[PDB]
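**Q** One-letter residues, chain by chain:
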Amino acid sequence: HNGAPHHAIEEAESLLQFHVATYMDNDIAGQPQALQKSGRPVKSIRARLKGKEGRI
Amino acid sequence: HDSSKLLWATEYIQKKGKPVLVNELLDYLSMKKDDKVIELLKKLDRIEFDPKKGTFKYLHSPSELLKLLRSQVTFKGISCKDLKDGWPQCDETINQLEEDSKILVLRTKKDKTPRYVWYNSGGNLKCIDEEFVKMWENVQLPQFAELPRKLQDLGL
Amino acid sequence: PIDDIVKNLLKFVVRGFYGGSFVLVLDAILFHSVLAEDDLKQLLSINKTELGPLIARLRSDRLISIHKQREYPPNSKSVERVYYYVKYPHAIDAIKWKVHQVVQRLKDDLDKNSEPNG
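Protein chains in written order, with the entry's author numbering: chain A, 281 to 336; chain X, 123 to 181, 187 to 283; chain W, 4 to 121.
Just so you know, the hints here were simulated from the structure itself, not pulled from any lab data.
The beta-carbon is built from N, C-alpha and C at its ideal position, and this holds for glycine as well.
Do not rely on the hints blindly, as some may be mistaken.
Stretch by stretch, here's where chain X covers chain W in the computed footprint (C-beta under 8 Å, at least three residues) [claimed, not checked]:
(1) 7-19
(2) 24-34
(3) 37-49
(4) 68-81
Construct the entire structure; sequences and hints are all you get.
**A** Structure (structure tokens):
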């Protein structure tokens, strides 16, 4: 809505695409761990079900 | 000098900016009192020399601006230069006959509205609701010749 | 012809419900169909942020399909210009649909109406 440097945009949404991705799964290989303000990773949803201790 | 001294008189005479006595202009500047000075002004439009008494003019209303807007047809985008000297306070009369009656391109409201050749019928018509214009903007264009169907699909 | 009306009509909308500067890029490239991109930039002699967002509308409305007016450079290298080959039909086609949509924002709105039921 406010201008369009059209390469900042191309990164801007490609950022948001990264947040949604790590939200579903923050364990993705070939990608940067999305960390917490403790520097520990973020408990993605996938992480909540993965191994023992998961939901299942 | 010859061309330099004559140019000097037109400089200080245009400071007066009106047809003043040539002898005054030959003495107020105290330099361009030679024969080459007055003749150069007689040959230069910077001091528009009439056959009458000492003339010094350097060739006004939005009406002239109004036609100039229509006189810049198929021509290039003109700035605000011809007004500020010819007609003081261009930016007032730019938006005085606004709504494209006196159209001009405000480059910014910090840069004296550096304009182009602008003249239209409605032109801006900002009275249209911006949200509606945003809603007008909000209409996303679908794809190719299926859109020729899509308009017929949409009832157009 | 109606082609002039087509350009005429383009001016009206681009000046009716658009700002004044919108038509400046219209007329400039309407002078010649296959025009070098700089020529408009040169004659307007304005910045790239005073030209970029205006270029947005020309292709956002698809009114100025800027054809890559490729030329034969003398150095034997890449040469092209944004020559706005206007796609008169397709431009208006969306516009009509665009118009229809705002009418839908009124044709639907007729049910949002006078007498209180809720």
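**Q** Quick check: do three or more residues in the region 24-34 of chain W have a beta carbon closer than 8 Å to a beta carbon of chain X?
**A** With 6 residues closer than 8 Å to chain X, the region 24-34 of chain W meets the three-residue bar; holds.
**Q** Taking a Cβ-Cβ distance under 8 Å as contact, does the region 37-49 of chain W have three or more residues in contact with chain X?
**A** n = 4 at 8 Å, threshold three: holds.
**Q** For the region 68-81 of chain W, do three or more residues have a beta carbon lying closer than 8 Å to a beta carbon of chain X?
**A** violated (count 0)
**Q** Examine the region 7-19 of chain W: at least three residues should have C-beta closer than 8 Å to a C-beta of chain X.
**A** holds (count 4)
The earlier numbered hint that this structure contradicts is number 4, and it is the only one.
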